[PDB]
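There is one chain below, alone, in structure tokens, taken in the form solved without adenosine monophosphate (AMP).
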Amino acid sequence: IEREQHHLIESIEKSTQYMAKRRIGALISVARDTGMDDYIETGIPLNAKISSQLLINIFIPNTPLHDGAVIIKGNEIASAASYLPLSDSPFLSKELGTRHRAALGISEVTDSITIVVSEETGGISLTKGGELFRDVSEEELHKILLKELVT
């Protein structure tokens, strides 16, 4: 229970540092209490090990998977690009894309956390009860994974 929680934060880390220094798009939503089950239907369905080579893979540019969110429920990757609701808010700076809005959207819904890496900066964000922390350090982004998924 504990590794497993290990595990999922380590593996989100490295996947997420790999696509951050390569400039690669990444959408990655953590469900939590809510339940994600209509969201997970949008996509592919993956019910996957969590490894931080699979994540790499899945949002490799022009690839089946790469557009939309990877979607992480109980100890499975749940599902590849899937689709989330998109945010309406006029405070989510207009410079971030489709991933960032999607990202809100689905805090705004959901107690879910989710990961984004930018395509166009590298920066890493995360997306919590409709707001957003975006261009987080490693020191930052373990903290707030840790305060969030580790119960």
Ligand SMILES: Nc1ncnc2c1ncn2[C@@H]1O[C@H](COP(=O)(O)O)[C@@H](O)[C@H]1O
Given for the second form:
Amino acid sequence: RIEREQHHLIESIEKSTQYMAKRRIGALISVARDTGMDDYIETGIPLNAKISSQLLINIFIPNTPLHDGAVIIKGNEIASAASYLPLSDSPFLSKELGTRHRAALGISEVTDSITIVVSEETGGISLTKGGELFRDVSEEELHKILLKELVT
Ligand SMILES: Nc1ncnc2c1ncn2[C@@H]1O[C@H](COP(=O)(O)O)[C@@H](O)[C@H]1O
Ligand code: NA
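Could you output the structure for the form deposited with adenosine monophosphate (AMP) bound, given that the previous block was the form solved without adenosine monophosphate (AMP)?
Expanding to the full complex; the earlier chain stays at the top.
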């Protein structure tokens, strides 16, 4: 069932981001939707892998081949790792945030994707959507947002 994959995806993002937030591991996960992100998948290393919290964690371990860039989830697959996303040049984004946030903001400005960031500085979890940034969200807030936006 597609609903079982969607709840598994939400659960996979929740557990992986909690694990990386606790250890201040930077992360950048873009979930494609109606708007295609195929051009950005082509920039990364193709995985075409089943979604799991364990694989998402292993990708973002620092100083590893797959950690430098964005993971893109498409359908029920982790499509790619270490992909480029377009950077926002918006001057409204706080300068205390990192390039991952700028990339999450940039992709959200030109797609309808949902993008999750884990800051390697603070461990806070942020989300971008439609050019907006939800900064340092709680587990409860992250859960409700993913439920509302990823479950059809
Ligand atoms: N255009 C981009 N698209 C996706 N991820 C990026 C991009 N530029 C930088 N990154 C990520 O941000 C990290 C560097 O962050 P910083 O040290 O704040 O510049 C890189 O190692 C990548 O993981
Ligand atoms: Na596969």
